[PDB]
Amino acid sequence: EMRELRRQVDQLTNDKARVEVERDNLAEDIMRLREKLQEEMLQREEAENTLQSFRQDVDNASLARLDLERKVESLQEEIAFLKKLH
């Protein structure tokens, strides 16, 4: 039993050592992962902000077109009426 006790001490110490190494490698991995996550969050917000701003010029472009189509439609109505003096 006194030789078996020391056998347990040696095994447990070696197992603690292995778990400690693994936690250390995981602690480094998580540190790197958080930095990357913060980097993507910032890049994600920038893309969403640029898209939200660009929505304004999409609408103006659409309103500009609508404005011209109505202009054409109205001018065609006037020509049709002027020609109708026959």
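Numbering follows the first chain given and starts at 1. Only residues modelled in both forms are compared. Throughout, rigid core stands for the largest set of C-alpha atoms superposing within 1.5 Å between the two forms. What changes on going to the form deposited in another entry:
- After superposition on the rigid core, displacement of the C-alpha of residue 18 between these two forms stays below 2 Å.
- Once the rigid core is used as the reference frame, the Cα position of residue 47 differs between these two forms by less than 2 Å.
- The chain behaves as two rigid parts between these two forms, and the smaller of them turns through 14 degrees against the larger.
- After superposition on the rigid core, the sole stretch of at least three consecutive residues with Cα shifts of 2 Å or more between these two forms is 60 to 85.
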Given for the second form:
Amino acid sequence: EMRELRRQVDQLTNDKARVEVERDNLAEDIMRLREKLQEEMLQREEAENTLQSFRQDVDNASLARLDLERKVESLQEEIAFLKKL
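Could you output the structure for the form deposited in another entry, given that the previous block was the form deposited in one PDB entry?
If you are looking for partners or other molecules, they are not here, because only the chain is given.
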């Protein structure tokens, strides 16, 4: 039907044109999001590495504290022996 046909073509062309704009823009968006994701993932690994390193420093200090506490106890015992001759 000639009426119905031309009806189709006319706006079909515009409709396709609209979806192509949407598609293009989404393609730009995904390019920007991929970029952001790579940036953020590197920055997340970095924060987690800095935190891991800090925790290692804290553990190493805690061991140093324990050794000092044992050294104090030992030295106090020596003092006692000296006061006892």
